[PDB]
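Only one chain is included here, represented as structure tokens and corresponding to the form solved without the partner chain.
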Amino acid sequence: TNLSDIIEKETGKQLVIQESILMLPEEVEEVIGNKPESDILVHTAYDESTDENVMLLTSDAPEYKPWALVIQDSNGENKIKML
């Protein structure tokens, strides 16, 4: 998919993307340090090769504009890439 393709562009891996979860802008801002201009969808995929969760943040439908990618490791440390 579009969203799996973005994850693969950014990680080099083909992963199963979970059904989206909606986050309000202030919710997202606490996590990321930037406040999105509207609601965010979190599309999560587990990267078993590294035991990492990969979270693709887009705007809501129908645009699904990519906004950020969060990769969390098993120690619970986040890396963020703004898209």
Second form
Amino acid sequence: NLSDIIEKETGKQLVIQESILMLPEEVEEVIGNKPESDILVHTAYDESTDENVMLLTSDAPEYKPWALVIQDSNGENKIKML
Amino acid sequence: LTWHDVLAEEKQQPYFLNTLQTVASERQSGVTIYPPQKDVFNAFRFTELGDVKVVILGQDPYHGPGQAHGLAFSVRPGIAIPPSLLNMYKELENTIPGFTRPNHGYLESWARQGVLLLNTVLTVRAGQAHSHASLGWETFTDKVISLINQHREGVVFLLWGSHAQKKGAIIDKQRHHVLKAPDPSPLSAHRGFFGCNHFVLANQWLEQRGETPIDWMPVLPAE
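Let me have the form solved in complex with the partner chain next, following on from the form solved without the partner chain.
Now the complete complex, all chains and molecules, led by this one.
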């Protein structure tokens, strides 16, 4: 599942609270790479570090892992292509 | 002007019956779907047509146990505030005088004040995000926005993210007040949502029109 992929890259066990759909143009700016189709930003919060772990995948039902984005208490992302 | 009055003809549509029937069939087949069938139309329940003052669009209901309850962005009491709602809070604190971050995400009080918290897709299969899209809900919610654009006047629309913004095409921008901005998702809040001032701009538009402004501080019902 998606929760494991989060634990696979970060080692932290988190529950996905929301999955926000985003069009190619929207995630192109932030990520700095335009995706081939609509992306789902799977977001989980980790109060332990006040970080936001976002697992971006393609739309349903494939959910093909695209990238992993971590945002800290300063709203700064640490992007990692998958 | 009620929902049963303007949506009556739409309830008859083949595509609409097809959707409810697909959802219902899946529930019957052991496929857990959120929110419970009793909560799928809560947004219309809480906010009648003549009462709509603000329209905030969401996408689909939360896919986790006990989160969704018929309102967009809102989660039931005892549920952790989702990241997006949290960012909605951070923007409200920064702009609305007297607003202090709440400890929950239950927004029934918004709906009670004329804020139609509408998701464009009213259901989802538990555990799988966006599993009920391109299944009919979009057509329905398209008509709902079309009906608001038509029978009403001066309603302020808050469209977040490009997906939601596409639904502004059926809204006359001189007839209604449309405010665009990026999604409050952590990924996109920093490119236009923070500082958008949508909440205060919404109330100013409501006061310059005789209507009573929204008290954005959500409240929790007893016990």
